[PDB]
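Number of protein chains: 2
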Amino acid sequence: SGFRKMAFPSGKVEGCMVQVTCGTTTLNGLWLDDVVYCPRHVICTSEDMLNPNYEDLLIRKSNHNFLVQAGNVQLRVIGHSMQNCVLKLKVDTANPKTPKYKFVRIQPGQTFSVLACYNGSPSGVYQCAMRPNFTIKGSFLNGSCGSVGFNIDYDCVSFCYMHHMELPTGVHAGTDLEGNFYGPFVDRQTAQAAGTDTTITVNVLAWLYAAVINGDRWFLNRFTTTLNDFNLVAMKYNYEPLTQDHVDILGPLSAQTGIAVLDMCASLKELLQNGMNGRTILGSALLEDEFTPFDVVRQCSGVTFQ
Amino acid sequence: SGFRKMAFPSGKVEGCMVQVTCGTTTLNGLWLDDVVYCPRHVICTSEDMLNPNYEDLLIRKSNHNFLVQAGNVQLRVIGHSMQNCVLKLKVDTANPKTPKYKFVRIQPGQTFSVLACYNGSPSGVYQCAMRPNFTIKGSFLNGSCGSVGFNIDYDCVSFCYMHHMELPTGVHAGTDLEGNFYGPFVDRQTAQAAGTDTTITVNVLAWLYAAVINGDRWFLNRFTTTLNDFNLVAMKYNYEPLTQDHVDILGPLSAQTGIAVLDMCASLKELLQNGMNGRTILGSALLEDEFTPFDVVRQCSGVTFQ
Ligand SMILES: *[C@H](O)[C@H](C[C@@H]1CCNC1=O)NC(=O)[C@H](CC(C)C)NC(=O)c1cc2c(OC)cccc2[nH]1
Ligand SMILES: *[C@H](O)[C@H](C[C@@H]1CCNC1=O)NC(=O)[C@H](CC(C)C)NC(=O)c1cc2c(OC)cccc2[nH]1
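As you go down the protein sequences, you meet chains A and B in turn.
The opening position of the first sequence corresponds to residue 1 in the deposited numbering, with each subsequent residue numbered one higher.
The opening position of the second sequence corresponds to residue 1 in the deposited numbering, with each subsequent residue numbered one higher.
FYI, nobody ran anything at the bench for these hints, they're computed from the structure.
Hints are not guaranteed to be accurate.
No copy labels: a pair is met if it fits in one copy or bridges any two.
To be verified - Dumping the calculated DSBU-like pairs for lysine-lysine here, alpha-carbon to alpha-carbon at most 30 Å: (1) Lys5 <-> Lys61; (2) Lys236 <-> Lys90; (3) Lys97 <-> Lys236; (4) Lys90 <-> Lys61; (5) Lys5 <-> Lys102; (6) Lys269 <-> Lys102; (7) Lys137 <-> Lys236; (8) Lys97 <-> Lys61; (9) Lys269 <-> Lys137; (10) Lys100 <-> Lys5.
Using the sequences and the accompanying hints, generate a full structural model.
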């Protein structure tokens, strides 16, 4: 029992992290097979970095303008190219620690682990969600760009996130590993605004089931509701609409606990209108929305990887 | 910016995890150099465990009664012995992935990362604190025993925790790697009660400084307090006493921010008497107590390892 914000074990990813230096800019890269992926804003100087033309900036570089250090070992770069907002540096050596891996684009509401890095070195690992406004609520300092977000499925690392930007609200923005940003952000040195964020309703309900599964039931009631009556209250409280999709993939949890999805919706409604009256759920005084239904099943039944 | 509950990167520990089987009981062990460490209740049969005599049970075992699997590879046990609540299994092969490592016993209030495992395989990693009642608020299913908790300083893993027990309140109890329990718990199949828990006052204060550093200042006040007038209110609210040792360890954070420790104590005082009035701090509606001052400095300055 117990329920924690849990991250994937990070060993397959640590063995891929490297340092990339172009000029006086240093950040992190990802070494897979004979390729190193990093944020393209590594080729910027502080002046380019206000409104660069990256095509121009990259035409002006050669392979020798990029220093890639895998620990002590300096890797020799033999090619480079840009794919959207990421640079791809071809090196003369395949990474012997390359895991099985995929590149994946996640949707809003899905979670992943972030291995925050500096100068090529892991500093820590935490779990995050892609918010509905396509930002992430991260923990990132200067030098962290090029840290990756990932999931592990069985034996395979699925990379889904590379870090580029911090917004003025203190939240974070990035791309997938093909360099396409999540949301409407650009890799320039400008103050950029995110859309209004919303609560991931389906994850709140999943966490409510983790609660029940761990013996927190005080918030349950004898009532039920229709999906339409529930979304009416959801809009009032800045929650994402609940779909039938969403209802369905909560089925496993609903069945495990005996509580229909729309009974649990009725408890969320009363929690929303009445608050928590100084009580807690799974150790929190807020409705938590960064666990998916599969996160909840994984943890409340001990799925392993290797 | 941003502030998350961050665990250490887990790869140095992942490469030490193995599976141990005696009879039909399977759990996790830790392989360092040519020794495998695991909970001694692996030698129990389901009936032995209401109140076993482990010295009797172990004298009844031979090396061949232990199956140790490092993945596919079965390791030969060449010796065995018990140290308090852990078994030490001599194997004929030194682990090639053995990190620099220490064994450390931690105090209450200190934090560590847990690599939860099943059948030898990493499932996830999260950060915990040793509570003042010597329990941890973990997430552990059947099969998790022998999972370890740890810190990393530079290149060295300091193991501090090995998992054995779940208490009926849903929190967890275990040993150091010399097999001595934290708190008054024993490894048998009985309902065991932990003392009342208290809040780690020094960690709350550090976390208040993490807040300020990240731009949450709403809770600050013009006031100050004496360490004793502050400790009077704390006892009333089940907070641990603040010492001058604690005051001293908050020096760096106090200095980074410009806020004297006892000005911040006067802010914690008002939060306890008046609550947070529907506000949050660092995304939490409760006062968080599982960050030490050095967790806060590390994360808010990007300290790395290797
Ligand atoms: C790379 O490591 C870094 C990550 C960033 C630093 C602090 N915490 C983080 O997550 N990325 C940057 O510094 C990028 C560089 C651009 C060119 C891609 N810049 C931003 O994140 C950024 C720039 C501005 C800004 O311009 C004056 C105003 C306000 C916010 C802001 N953020
Ligand atoms: C080992 O893997 C397992 C870990 C434990 C199982 C479920 N969640 C966990 O953290 N450890 C145990 O099962 C131990 C074994 C003894 C022999 C050390 N037993 C308990 O944790 C335990 C037994 C009882 C109990 O009696 C049956 C009543 C109430 C609580 C409780 N906890």
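**Prompt:** Among the hints numbered above, which are violated by the structure, and what are their numbers in rising order?
**Reply:** 1, 2, 3 and 6
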